[PDB]
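**Q** Chain by chain, the residues run as shown.
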Amino acid sequence: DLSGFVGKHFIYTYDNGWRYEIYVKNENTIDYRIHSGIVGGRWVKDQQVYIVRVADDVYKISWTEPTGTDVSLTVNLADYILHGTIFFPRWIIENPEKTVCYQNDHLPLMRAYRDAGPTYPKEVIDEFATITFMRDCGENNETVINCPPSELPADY
Amino acid sequence: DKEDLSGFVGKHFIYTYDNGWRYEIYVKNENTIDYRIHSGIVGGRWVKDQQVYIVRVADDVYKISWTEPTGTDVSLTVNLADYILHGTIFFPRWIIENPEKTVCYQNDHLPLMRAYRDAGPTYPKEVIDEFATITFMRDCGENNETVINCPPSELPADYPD
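From first to last, the protein sequence lines stand for chains A and B. Using the numbering used here, you'd call the opening residue of the first sequence number 11 and step up by one each time. Using the numbering used here, you'd call the opening residue of the second sequence number 74 and step up by one each time.
Since the hints were made in silico from the structure, they are not lab data. Check each hint, because a few of them may be wrong.
Said to hold, decoys possible - Derived coverage of chain A by chain B (criterion: at least 3 residues anywhere in the stretch with Cβ under 8 angstroms from a Cβ of chain B; other residues may be distant):
| hint | region |
| --- | --- |
| 1 | 19-26 |
| 2 | 71-85 |
| 3 | 90-99 |
| 4 | 140-154 |
As the list claims (entries may be wrong) - Derived list of chain B stretches under chain A, where covered just means 3 residues or more per stretch with a C-beta under 8 angstroms from a C-beta of chain A:
| hint | region |
| --- | --- |
| 5 | 74-86 |
| 6 | 101-113 |
| 7 | 222-234 |
To be verified - Part of the chain A face toward chain B, derived, beta carbon under 8 angstroms:
| hint | residue |
| --- | --- |
| 8 | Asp-56 |
| 9 | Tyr-60 |
| 10 | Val-134 |
Here a beta-carbon is modelled for each residue, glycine too, at the ideal position from N, C-alpha and C.
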């Protein structure tokens, strides 16, 4: 049953300082905003995902990006803790700057960068995160993540 | 390493995915797996000394994450006492399209895997997200090079539990 995780919206800061934000918009879709980090400023609406419940309070959000980045987030909701593996093509660990946009406006651009690569070797980032903020926005709220990070109010 | 991983390191287990594929993993140490694919698209494939990221996410919830010389990336969440596993696998297009090219003792064909990797095509990624039942599960201790030391076909009589 995914009802537990669908609509969950949270900000979470990885052990390496990166402040990420997810809204699980439905059983197969997240929005996300990166506030801090390698790719701070980057955000994404309607990222197609695999979401599954691995046990009671252990959800997994799995996806591949137009950049070629693959991601598997284990989200432990009640425990307010998260683990992300990020499989960055070499060209995003090297030159992440073009990926820092509203991606939905630059999908063919991202795939063009993706295709020339270099894809290999992959740069894997495995980090725990503390979930600092967490709320239920319900399904299909396009207003949860509808701006870049810096365009949020100073208390968010 | 603090005690968090001691409940997963040394764990050797065979498991069958929702889609029928029998996989086998031995967590050989805090940063290394061996694995043996009995069945599936990549049945017969096996791997020694795969660099891996293991972490404990909760009690009985381990996460094991790696990228291969093929460009395949994997994150398996392992729930050991519940005898259940989940794997996401990020297959370069050329592995979903020509998985045979990857069905070997990879250690003896690493450059071949990287040549296929480099040749591509890498994209689009074929994401495979499946639950699996862990059907056999034992502790083989750390750094045992014997537990996965042959292909599935050269295993002994009744090695499937």
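**Q** Hints the structure violates: just list their numbers, smallest first.
**A** 1, 4, 5, 6, 7 and 8
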